[PDB]
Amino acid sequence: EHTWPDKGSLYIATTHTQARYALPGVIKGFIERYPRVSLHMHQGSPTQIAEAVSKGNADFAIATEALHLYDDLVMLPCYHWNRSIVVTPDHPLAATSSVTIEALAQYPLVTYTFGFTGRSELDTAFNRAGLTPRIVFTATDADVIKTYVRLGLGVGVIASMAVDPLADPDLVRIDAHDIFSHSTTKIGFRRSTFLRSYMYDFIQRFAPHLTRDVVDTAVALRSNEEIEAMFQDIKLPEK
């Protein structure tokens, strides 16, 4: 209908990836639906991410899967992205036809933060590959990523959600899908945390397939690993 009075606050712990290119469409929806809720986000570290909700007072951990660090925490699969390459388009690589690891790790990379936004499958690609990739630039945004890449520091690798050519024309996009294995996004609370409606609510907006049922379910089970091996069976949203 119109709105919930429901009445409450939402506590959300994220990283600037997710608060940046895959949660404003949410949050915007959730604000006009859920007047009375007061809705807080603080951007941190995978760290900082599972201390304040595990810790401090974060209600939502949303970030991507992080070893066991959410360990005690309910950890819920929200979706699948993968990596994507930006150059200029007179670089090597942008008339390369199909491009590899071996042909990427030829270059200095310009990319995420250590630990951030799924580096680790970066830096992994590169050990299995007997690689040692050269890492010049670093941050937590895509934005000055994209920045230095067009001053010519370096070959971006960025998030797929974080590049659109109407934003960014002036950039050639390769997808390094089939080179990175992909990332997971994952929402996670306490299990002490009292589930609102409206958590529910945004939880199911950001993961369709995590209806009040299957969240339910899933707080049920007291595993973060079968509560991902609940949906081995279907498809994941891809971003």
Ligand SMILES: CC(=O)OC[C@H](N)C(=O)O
The other form holds:
There are 2 protein chains.
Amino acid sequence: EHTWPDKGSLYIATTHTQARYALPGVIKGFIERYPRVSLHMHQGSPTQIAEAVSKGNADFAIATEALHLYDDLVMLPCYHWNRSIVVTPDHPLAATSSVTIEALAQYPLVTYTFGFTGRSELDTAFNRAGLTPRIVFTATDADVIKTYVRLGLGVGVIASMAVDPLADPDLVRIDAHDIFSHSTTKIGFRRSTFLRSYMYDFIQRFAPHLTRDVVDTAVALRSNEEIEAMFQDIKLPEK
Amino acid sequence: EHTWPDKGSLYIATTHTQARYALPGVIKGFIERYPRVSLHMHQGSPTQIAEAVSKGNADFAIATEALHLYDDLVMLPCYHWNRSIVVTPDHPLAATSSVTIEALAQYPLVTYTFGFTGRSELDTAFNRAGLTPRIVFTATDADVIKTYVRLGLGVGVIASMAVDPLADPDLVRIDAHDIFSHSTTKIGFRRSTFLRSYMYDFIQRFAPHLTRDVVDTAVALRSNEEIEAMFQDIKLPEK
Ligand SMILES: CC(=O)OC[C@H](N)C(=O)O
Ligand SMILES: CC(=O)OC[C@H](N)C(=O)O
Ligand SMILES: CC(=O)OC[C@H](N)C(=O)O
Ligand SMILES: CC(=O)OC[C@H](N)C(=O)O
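Having seen the form solved without ligand OAS, the form solved in complex with ligand OAS:
Next comes the full complex, and the chain you just saw is listed first.
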């Protein structure tokens, strides 16, 4: 019954983690209220996602920091998230509170790979601690990482949202927000892109704080740095 | 007890699907027989995988056809595989034998994206049938695709190995090898790369037909086209 007769299309370019763990709840809620809106989604590497929206092959770019290289157009903060190490229940780490930055580098690691979905930090957080960790697997997603944790190739380091008991209950979850700083999931779009009402509603559903007047004000400010500074005293969702 | 004291390293660059559904069985069997071999794995886009091995940041490149662009160095066929459409049990297709190329283009599609893991074929198989299918989601992996099939965004088209009952049992599997031609998973390496004994054993475990004398003969033939023609009368595994 509750249906908006809004006609139009919405092309979303994003990554695995976002489309896997952050998007599906929002996506199904969207198409159930906008049957006349043609929704198109494109998964790819974050460096290719920010190229789709610029060149007009996509409207929004829901990915992590990686859009910062592209000073091409508008960039809005959605939510913060942090990593969590996953180990077998038979692993020495499984038993510790709380693990530490130095105590994690003593094991083989299975993390994210450089640009896709949040890695450094890693290789880089360590640089800070002057550590040289042994990383034997750099994967794009977390479904791959956890499988090679069950295999025993090394200690996995994935997003917290990528772990849930009962979906993955033979694994051990350990918080590492004291170990690694949080990453900021952003949404990339253009000033030329006319923001439709179904677009505003989609953003505020993926990011409650990003209301129309908040979005418009951020667009009004002709700088991503000014936008990122507008939310200085404003708190974001933490996953 | 059964341990080879072979010292050395093995860097493998691959994709999601291979590392997800084809590699883990081989990987665990490898490290259990070569404890002194330092195994390193790198997941990435197929166009970036074939760049890792060339530039020496990886030894083997276990991915699909996409290595053909790179006439840089040796390319060995491992196994054939084909797609299978996944739908909800409440979907019209669920009920049909067997679906057909024309009868699939009448629905919204959720397939692989252009270069990563086997797409065209799609967009291209159709071209052949003069069809213009509505594809609303192009994803890198199949874990993403199936989630958006359960959501109901459209009909999914993934690898057959990406489906298994009891891992994904609320979905309906339909064979499409009569619909789409099979793809060839290849392994990319260099002639300069000295093939260690643990490397030969790894290949013949991932591809039974690729024994040492078969591998050496293919390397001896200084052309990938000659290699691909050597297996003309030789049958490959079919997944
Ligand atoms: C993991 C996740 O919940 O992502 C955040 C989501 N946009 C939200 O509804 O807050
Ligand atoms: C959703 C979450 O975990 O973050 C809460 C956030 N600090 C807020 O109140 O906006
Ligand atoms: C899916 C899969 O089995 O891949 C093929 C594998 N290399 C093999 O053992 O034949
Ligand atoms: C493993 C498979 O399904 O393929 C069999 C292949 N035709 C062979 O005999 O080599």
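Positions refer to the first chain, counted from 1. Whichever C-alpha set is largest while still superposing within 1.5 Å between the two forms counts as the rigid core.
Just one residue from the list 67, 39, 26, 195 crosses the 2 Å line for C-alpha shift between the two forms on a rigid core fit, and it is 67.
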